[PDB]
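Novice: Chain by chain, the residues:
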Amino acid sequence: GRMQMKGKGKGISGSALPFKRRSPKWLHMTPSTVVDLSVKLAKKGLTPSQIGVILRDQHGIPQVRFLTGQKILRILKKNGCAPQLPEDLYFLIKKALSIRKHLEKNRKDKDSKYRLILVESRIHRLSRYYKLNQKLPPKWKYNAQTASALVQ
Amino acid sequence: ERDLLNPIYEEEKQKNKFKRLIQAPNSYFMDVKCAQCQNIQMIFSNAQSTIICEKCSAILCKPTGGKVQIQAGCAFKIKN
Amino acid sequence: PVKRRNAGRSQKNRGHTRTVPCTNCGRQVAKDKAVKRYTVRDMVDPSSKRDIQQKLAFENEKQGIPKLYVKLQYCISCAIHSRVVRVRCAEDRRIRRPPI
Amino acid sequence: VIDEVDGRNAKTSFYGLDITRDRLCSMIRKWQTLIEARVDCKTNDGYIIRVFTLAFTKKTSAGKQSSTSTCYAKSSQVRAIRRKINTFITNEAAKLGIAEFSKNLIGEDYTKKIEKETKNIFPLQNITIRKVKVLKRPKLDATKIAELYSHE
RNA sequence: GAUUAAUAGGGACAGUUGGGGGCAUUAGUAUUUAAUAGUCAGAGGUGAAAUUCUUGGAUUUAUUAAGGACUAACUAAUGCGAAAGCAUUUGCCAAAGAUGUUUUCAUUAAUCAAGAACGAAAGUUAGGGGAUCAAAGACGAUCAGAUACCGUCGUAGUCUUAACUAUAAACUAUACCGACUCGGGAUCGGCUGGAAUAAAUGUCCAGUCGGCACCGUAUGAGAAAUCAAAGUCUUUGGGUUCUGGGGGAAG
Ligand SMILES: [Mg+2]
Ligand SMILES: [Mg+2]
Ligand SMILES: [Mg+2]
Ligand SMILES: [Mg+2]
Ligand SMILES: [Mg+2]
Ligand SMILES: [Mg+2]
Ligand SMILES: [Mg+2]
Ligand SMILES: [Mg+2]
Ligand SMILES: [Mg+2]
Ligand SMILES: [Mg+2]
Ligand SMILES: [Mg+2]
Ligand SMILES: [Mg+2]
Ligand SMILES: [Mg+2]
Ligand SMILES: [Zn+2]
Ligand SMILES: [Zn+2]
Numbered sequence: 001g002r003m004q005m006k007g008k009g010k011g012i013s014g015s016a017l018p019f020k021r022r023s024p025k026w027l028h029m030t031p032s033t034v035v036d037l038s039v040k041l042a043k044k045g046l047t048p049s050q051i052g053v054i055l056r057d058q059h060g061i062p063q064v065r066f067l068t069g070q071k072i073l074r075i076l077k078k079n080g081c082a083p084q085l086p087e088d089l090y091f092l093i094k095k096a097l098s099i100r101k102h103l104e105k106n107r108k109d110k111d112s113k114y115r116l117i118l119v120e121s122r123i124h125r126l127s128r129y130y131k132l133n134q135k136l137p138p139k140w141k142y143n144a145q146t147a148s149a150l151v152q
Numbered sequence: 001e002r003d004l005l006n007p008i009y010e011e012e013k014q015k016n017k018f019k020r021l022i023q024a025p026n027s028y029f030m031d032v033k034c035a036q037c038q039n040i041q042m043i044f045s046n047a048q049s050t051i052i053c054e055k056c057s058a059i060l061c062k063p064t065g066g067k068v069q070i071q072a073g074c075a076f077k078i079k080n
Numbered sequence: 001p002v003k004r005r006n007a008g009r010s011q012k013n014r015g016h017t018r019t020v021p022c023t024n025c026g027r028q029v030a031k032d033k034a035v036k037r038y039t040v041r042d043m044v045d046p047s048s049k050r051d052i053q054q055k056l057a058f059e060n061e062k063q064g065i066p067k068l069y070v071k072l073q074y075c076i077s078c079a080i081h082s083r084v085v086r087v088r089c090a091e092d093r094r095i096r097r098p099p100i
Numbered sequence: 001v002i003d004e005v006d007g008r009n010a011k012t013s014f015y016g017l018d019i020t021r022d023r024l025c026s027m028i029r030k031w032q033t034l035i036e037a038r039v040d041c042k043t044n045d046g047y048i049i050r051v052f053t054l055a056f057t058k059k060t061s062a063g064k065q066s067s068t069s070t071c072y073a074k075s076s077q078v079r080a081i082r083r084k085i086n087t088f089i090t091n092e093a094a095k096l097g098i099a100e101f102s103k104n105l106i107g108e109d110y111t112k113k114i115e116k117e118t119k120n121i122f123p124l125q126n127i128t129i130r131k132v133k134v135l136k137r138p139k140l141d142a143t144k145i146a147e148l149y150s151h152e
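Residue numbers (my numbering), protein chains in the order written: chain U, 1 to 152; chain G, 1 to 80; chain S, 1 to 100; chain W, 1 to 152.
A portion of the hints provided could be inaccurate.
What the hints assert, rightly or not - Just so you have them, the derived chain G footprint on chain U, three or more residues with Cβ under 8 Å:
(1) 16-22
(2) 45-58
Unchecked claim - A short list of chain S residues far from chain W (calculated; beta carbon distances all over 10 Å):
(3) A7
(4) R18
(5) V35
(6) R41
(7) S48
For the record, the hints were derived by calculation from the structure and aren't laboratory data. The C-beta atom is built at its ideal place from N, Cα and C for all residues, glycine as well.
Could you put together the complete structure from these sequences and hints?
Specialist: Below, the structure is given as structure tokens:
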């Protein structure tokens, strides 16, 4: 299953959403207060996902959308703090670059060259998606040098 | 004797969370009382990284692998 | 006609295993494939033992003559010829922990 | 090693420590992990020594160790065990003279202590000092070679 | 005015796990050689032997040193890696699975002509290096003949920088993603409870997720050997690349 690992890649990491869609009974936070916290965290430069984690561990908010009705990114969009490049793609490029970095120096390292090939492959593969779905500028390309100056 | 439609509780509890009928999670949320300043906070069962109580800044929980380590004299109750 | 399911070597979950020279000949053999027996023998014929144990200067020896430790590794041609291992019927062929 | 000739009899100073083949292959068993730990230390006596330590995985579970009764310790646990043994030795080395150090080394003191450090990480059996080498030995003044002789 | 949120997939994060990779470090005997001490007449090698080495003192003994390799024993129906392959210490660099998630994205996925990254060994080019073995070669022996099996030597090679080369019985001779069909212990990595103690990176017990396998068994398959897939095929259709059509000629 796990993408681009043929043969044995296949296993199940967890998350399982409970049945109750209604927010939990012990939870006393107004959806507005939540949107406030999430936006504060956001302006502090966090990720929709990282925000999710923070709200869940510290703040007793299990699922933000079952509280608000808006998923985290949509909230970020309406309220104007927006993560210009999708967190998703962002990390993939950060990675491909860390591999660039390490690889320019150790030029005899073959595994890391191959890993890079894989990661860049995924990056293009995500680009197509975010392009056809209008989440990325149409002429936007990942190059070594272009993407290195691209907010990553 | 077995019925797929009325599976037995003690069995489903034993099964992996994805292999149950309702596909229900194993995590909880807990109210935790700081040993020092006696503040109550909410903590996710498998919570990531570390938690410090907001009043006195002392350490409540430590991260692992799905367990959180409640540190020292911090008392807790599961919320449900 | 696959003869063994094992195919003779204990190796799975890897491409390659280190090669060992055979004790008897020195032929390179796979470390999985090799017939390996660990030997703890005594350096000396029991009679010879009597003779020596008479003459041992330090009386504080209780079994105070060392054993000889050998890790013996045979290629197949050798361990067959040399009878360390021998031909068995199809059914017995798969028997795993046999001795005494 | 002979530091001195006095009157038809040759005085000797410390040179090395070691082990019989027997007492080694005695201790080597299949189905446990063989730990080995090498250290480099200075005496205040002015000596540089290299100590090799040997240790084995101790089975607790109460069966006869076998193909079934596998005893291995995780490689990481091994590493922590090295780090700990090694550290302790360098400490107990810097504070002692070579007389002291050798006396302690030959005997069973260090084995006791080492088991006590090690046990958290993993229970160990027949801790041993496999060998000692003397890297760099100062020449002995008449004084210290007299103080080495000092016999009761 | 935004369907769920796939026991779909990507991403985040948390404690781990590994003989995965790249740099540095570092050890260890061993082979070979040298030095310094010793002692002497034989060492080697074989089925016997002979080539060899030996009084200029070999083999042998003790202590050092030089120089290239190599990681024993622990070492396993154990682990990792896409495969080739990967086993000494420590430090650094980037990478990875599985598990854990009441985190986020929301079909982003499967397979794949083009086109690309790898790819044992041997071999090739330009420098290094050269201890061990060792194609070619030189010799001994064996033999009717040995340009062979054995022995004494020995070059290229073996190791290394930069480069080529693209091949193996590169083997589970078994395509990849996905369902579903028996039973049982054990094993490696996570997690979840429980128990004992000398109270822990350790034991045991019961769960479970993922690995490598094994042992029974099939009123399932097969020409059989056999196969928990090589089953759910004339009761013939889940998705997708590849390959074969008597033997030689002939890769
Ligand atoms: Mg799956
Ligand atoms: Mg192979
Ligand atoms: Mg165990
Ligand atoms: Mg050396
Ligand atoms: Mg292992
Ligand atoms: Mg050359
Ligand atoms: Mg003749
Ligand atoms: Mg030779
Ligand atoms: Mg536990
Ligand atoms: Mg058929
Ligand atoms: Mg039949
Ligand atoms: Mg079977
Ligand atoms: Mg058909
Ligand atoms: Zn507090
Ligand atoms: Zn042999």
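Novice: Are the hints correct? Go through all of them and say.
Specialist: Checked hints:
{"no.": "1", "hint": "16-22", "in the structure": "holds (count 4)"}
{"no.": "2", "hint": "45-58", "in the structure": "holds (count 4)"}
{"no.": "3", "hint": "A7", "in the structure": "holds (20 Å)"}
{"no.": "4", "hint": "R18", "in the structure": "holds (17 Å)"}
{"no.": "5", "hint": "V35", "in the structure": "holds (16 Å)"}
{"no.": "6", "hint": "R41", "in the structure": "holds (12 Å)"}
{"no.": "7", "hint": "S48", "in the structure": "holds (18 Å)"}
Comparing the model with each earlier hint shows no violations; every hint is respected.
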